[PDB]
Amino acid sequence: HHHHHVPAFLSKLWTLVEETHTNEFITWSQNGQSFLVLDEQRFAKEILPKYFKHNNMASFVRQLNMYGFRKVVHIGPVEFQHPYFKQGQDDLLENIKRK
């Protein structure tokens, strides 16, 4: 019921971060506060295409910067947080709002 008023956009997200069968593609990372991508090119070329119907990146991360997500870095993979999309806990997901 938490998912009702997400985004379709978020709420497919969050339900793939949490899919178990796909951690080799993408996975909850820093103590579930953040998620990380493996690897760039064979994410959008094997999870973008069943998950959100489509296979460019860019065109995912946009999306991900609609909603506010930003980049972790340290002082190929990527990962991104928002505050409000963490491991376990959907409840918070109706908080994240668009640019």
Given for the second form:
Protein chains: 2
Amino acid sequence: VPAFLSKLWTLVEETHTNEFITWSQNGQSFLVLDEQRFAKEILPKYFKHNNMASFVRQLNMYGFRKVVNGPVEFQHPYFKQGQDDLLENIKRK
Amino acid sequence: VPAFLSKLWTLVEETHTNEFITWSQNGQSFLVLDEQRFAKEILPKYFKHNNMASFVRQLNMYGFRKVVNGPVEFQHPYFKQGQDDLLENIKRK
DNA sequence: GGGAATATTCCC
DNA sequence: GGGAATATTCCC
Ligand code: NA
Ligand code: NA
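Please supply the coordinates for the form deposited with the DNA bound, as a counterpart to the form deposited without the DNA shown previously.
Every chain and every other molecule in the complex is listed next, the one we just looked at coming first.
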């Protein structure tokens, strides 16, 4: 499991970040709320940048898809709450 | 000129970093003094890491060579004090 | 030092 | 969103 996936799981799961990034209700996707504050305040604590576009570039590199200020939602079939055993099934493109 | 070369020039030229990274006497190379403190304190102000090996990986990627705690010295034929016009001649391998 | 994997940036 | 350039990491 590459660092991006382990950090992303920690990021979503961690309670102290849930103001900005957290599981959806059904646990089959995650939400990013307050994207401007998320990228300035949260991203540089886990990654080497503060750019939402670079975070989303990584999501796309691992096959995450968007779920169609305001919350944004992303999903991967093998990124599921309580099922971190599926993380090894996610492949970098 | 890629970001590494412009930052490296700024890093060497800047007086406030000369405790750790500075031109040699003849201006044809630069010196890194106190490498442990250089990488913990100076590198993360200009790059996205604090690892001497990653800085040296970039030097090698641009054709810099080492000049044979203790000071270490690096040179490139087109990295010359007062001649930043030569920076465009440095090529990434 | 350098090849190659992953990360970030840049641009279409 | 994704190709490709540059940056950083990892390993030999
Ligand atoms: Na969270
Ligand atoms: Na300096």
